[PDB]
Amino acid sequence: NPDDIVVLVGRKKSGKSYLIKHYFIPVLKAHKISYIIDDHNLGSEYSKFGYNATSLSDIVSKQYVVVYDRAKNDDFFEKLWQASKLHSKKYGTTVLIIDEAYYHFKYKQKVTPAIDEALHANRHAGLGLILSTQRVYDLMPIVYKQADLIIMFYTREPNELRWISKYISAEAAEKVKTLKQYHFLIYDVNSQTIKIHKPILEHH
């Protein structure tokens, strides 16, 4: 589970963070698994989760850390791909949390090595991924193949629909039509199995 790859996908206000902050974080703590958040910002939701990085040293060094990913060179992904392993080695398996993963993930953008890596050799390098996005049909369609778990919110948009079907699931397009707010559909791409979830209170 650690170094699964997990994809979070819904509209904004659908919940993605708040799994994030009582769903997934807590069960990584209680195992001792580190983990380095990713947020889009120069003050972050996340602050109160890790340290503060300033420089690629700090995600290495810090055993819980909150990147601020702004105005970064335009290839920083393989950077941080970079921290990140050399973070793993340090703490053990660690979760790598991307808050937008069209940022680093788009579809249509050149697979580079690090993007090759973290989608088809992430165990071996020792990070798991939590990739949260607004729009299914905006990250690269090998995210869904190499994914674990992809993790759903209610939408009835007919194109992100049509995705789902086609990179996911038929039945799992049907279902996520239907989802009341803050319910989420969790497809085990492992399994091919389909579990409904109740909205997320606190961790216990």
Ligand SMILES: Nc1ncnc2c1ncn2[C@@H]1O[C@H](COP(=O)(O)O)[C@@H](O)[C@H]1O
Given for the second form:
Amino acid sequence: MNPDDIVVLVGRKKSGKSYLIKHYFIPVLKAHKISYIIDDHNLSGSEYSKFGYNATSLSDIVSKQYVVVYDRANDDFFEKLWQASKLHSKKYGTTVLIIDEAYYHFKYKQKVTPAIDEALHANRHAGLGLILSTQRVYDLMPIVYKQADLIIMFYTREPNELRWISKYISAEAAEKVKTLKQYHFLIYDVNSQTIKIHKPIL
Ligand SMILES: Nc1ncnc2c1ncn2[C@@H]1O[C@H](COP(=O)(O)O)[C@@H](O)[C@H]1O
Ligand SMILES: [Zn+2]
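Can I get the form deposited with the named molecule bound as well, since the one above is the form deposited without the named molecule?
First the chain shown before, then all remaining chains and molecules of the complex.
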């Protein structure tokens, strides 16, 4: 794998999306001593509170190695977060920014600020990987899928979703996602146009 990859996770509630982040991605990052920042929008105790230092200021995001951000509010937040995260990776080296409700920052039809643009196109220069998760394929700007290194998808047969997957990801991906069993997930490697059907994690 690669710490500075953009990984997009797509699946409904209880599909196994969060489980994959909590019991695969997070433990493997830790084990390899890859630092991470969790931009957490779910609530006392954030969904990801157990997995890092619960930051209460921008300075905490820069200075703590494993950090959880409670994102429950100004509209320039991502720009602030992004700035803080860049300073974080200068200190800790390559860092994964984990965003569990990615449609907050990368929603379909939203304007693209320079920060969002850097996040999608220059993330390796910035020393920052991304793990973005969303409920439906069509929640995010199509551009996110074009810029992804890896796209992970759980079962769906929703026709709008299949059309988006064919159009912006892979028509072959759109074929295989229809037959995924519970907790199984398709991995599409954007760079090698490779598909792998992965079994449920242990
Ligand atoms: N091996 C497994 N892979 C994925 N999900 C599992 C597994 N075993 C149990 N689950 C259940 O699936 C939930 C994950 O759903 P989600 O909120 O989409 O992550 C967990 O909280 C468990 O209740
Ligand atoms: Zn956020």
